[PDB]
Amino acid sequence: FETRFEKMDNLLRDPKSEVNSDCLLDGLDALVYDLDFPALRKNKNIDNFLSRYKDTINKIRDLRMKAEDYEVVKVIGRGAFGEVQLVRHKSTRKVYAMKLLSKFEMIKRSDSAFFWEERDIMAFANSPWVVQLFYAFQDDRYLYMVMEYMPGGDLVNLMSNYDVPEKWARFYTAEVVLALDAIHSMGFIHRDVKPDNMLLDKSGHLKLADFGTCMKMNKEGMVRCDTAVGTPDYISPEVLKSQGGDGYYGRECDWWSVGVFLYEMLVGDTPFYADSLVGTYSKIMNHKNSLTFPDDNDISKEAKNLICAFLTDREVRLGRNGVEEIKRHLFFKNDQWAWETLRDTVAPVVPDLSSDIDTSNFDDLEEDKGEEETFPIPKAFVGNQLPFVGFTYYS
């Protein structure tokens, strides 16, 4: 009685627990969604359970957080399985960025387990380098992620609106180095470092916003993966050549991506850019001969040295012996800021905001694409809501 009661109550209250109150309600909610079909209702056990719980689950669906609690202001982002909307909570009047992930697309593409690491990082990181997740909820169609709004926009937008000098490039590269080191300290390899995922707050400081490819390292700081992840232009040779029996790699793959980002910032183009995606694949693998700097040079000797130190083979790449050797590079030597107080110094671009719903730093996007896709009526139990049980988070 006493030898067990303590451990059981911890499991129900703990926000990091798989069996907390919100996760247990997901189980019952998913069960009602997956069983409520006329063909399945022919079973006495399924029919009687639904007649007993369907009405009380409808009360729960109305009481719990739902999409109707939010007022959509504008679509500010788009991805493979959904979009990001600037929302305002109708009751609290608070402004957030809400990410929607299509359950249909996830089940169809057999990609329904990527969001767990993101949910854990964004909710429990408590880092000034990570975009905060306030709430996570769901319905039969979507997963919803109520995150902090980053009004400064992304670094792709900054690079397109500004001719980035080396002093600015030094600031953003150092912020990325510190942001990635925080992720490595949490026990993760990012595997998708790109300026699209790098967002700026109201003060103009950097935060990582996407963690969909994040994977936990072992005690040796390694990961075993048979499938290449990331983006065609920023992918390192070792994660690009991933396959069964040859996909063993460490955190240094994220440092390759920093070199690609630094090159892109100073040159205006990606180092391995090719009109054909396979052309880019060839260039990354042949980095020894494909990496070239343009004849008209405005970029310093130490800036080129950093790009080349990151854009090599993993065994000779900067970062292999820790983050300190990256910090000690001559490119980062300046009299404007210090590594330990960098996020306290004034950013190169500070956003000029007129309201709490100002989206001037975000490009315009389409809202209605007609109608999407839904799951067909099951003839037997399929359990399409089961991989999403335990996603709900509030705290």
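For clarity, a rigid core is taken as the largest C-alpha set superposing within 1.5 Å between two forms. Positions refer to the first chain, counted from 1. What changes on going to the form deposited in another entry:
- Following superposition on the rigid core between these two forms, the residue from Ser355, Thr341, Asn43, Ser360 with a C-alpha displacement of 2 angstroms or more is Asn43, and no other.
- Once the rigid core is overlaid between these two forms, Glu117 does not reach a Cα shift of 2 Å, moving by less than that.
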Second form
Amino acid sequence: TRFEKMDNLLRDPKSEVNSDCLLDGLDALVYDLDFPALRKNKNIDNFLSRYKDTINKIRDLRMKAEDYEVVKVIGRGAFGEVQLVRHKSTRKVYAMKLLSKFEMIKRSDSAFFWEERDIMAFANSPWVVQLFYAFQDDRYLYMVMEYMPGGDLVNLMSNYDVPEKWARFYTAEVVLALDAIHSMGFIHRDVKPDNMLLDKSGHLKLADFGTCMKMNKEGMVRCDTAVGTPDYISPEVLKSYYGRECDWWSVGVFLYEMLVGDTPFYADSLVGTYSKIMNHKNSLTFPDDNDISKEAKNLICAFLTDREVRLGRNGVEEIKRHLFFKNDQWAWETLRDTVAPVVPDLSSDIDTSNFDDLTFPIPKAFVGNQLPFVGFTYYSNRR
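Next up, can you give the form deposited in another entry of this protein, since the form deposited in one PDB entry came first?
Single chain only below; no partners, no other molecules.
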């Protein structure tokens, strides 16, 4: 009488077939059948009519988009948008990411949303933006995260001239956030200011995990295709078996851009950037007016080098030990407790002052377009 194991498999928030996954299965089934063409099947019609009432009960009882008041669209992406939302009942504020099932089916080359949900739902790090709920519908996937009112690092870099002390803080927090992600067993693969967000008290948290890959037995990744951003992509990830050190190159690019005011491998043509990155040894130069310290250019150059040579090849302590990080404000351990360079000032809980103001074809035969999303919802069984 070991029916106990059953309930565990049905209640564990990490289980492949918990209540969330079960409820998703039925929801998907009723979605992939309710088409007049398919309803010409007696087996299909009956089930549908018998389950009609309860599926409606369930759909309205479970989480859905109409439970959220959408305040403003505070972000856009390849397959959707990030909207600042307010939960009508609970009055709480969150950033909700939307993903189009149709778009992703048509253009995405991976099931990126799975590891992204899991990094945000279980990371339990002050360096990772957390997930509260994950849900879906006929059209979209939904990710309910904590709102980061201070905006991103692209906004900060534009609004201000970043001094070395400010740069030292932001670099240092990204180093800890990346060490947290590596400790969790992933490689970021796409580190950039777009993915660096700021909290109400001005501390960094990472936010786009669409390029995260689990490391193998030797902390490595076998890849055919290149992933990331044309400016911040390391020479290895571009040429396409790499390690965590790729994320550190992107940190070099991130430091260089904050101090110099432009990316180290800029080109007028987007393709010209590629040529430049490959020629990093003869394209990495600092402007004539060299106001940047000797210690700062040192860190930059110790990262903006070949995979084998790169600082952090022999662990993160090598990075922390760099002279550039020595300062009168914080120490690595006390960093997220110290005061931030830019402490914002927010009008309300919905203050968007740091953010720029902004389907599937009906089938003939059974296709099952909701089947590759079964298991996404993180509502009934969470930790």
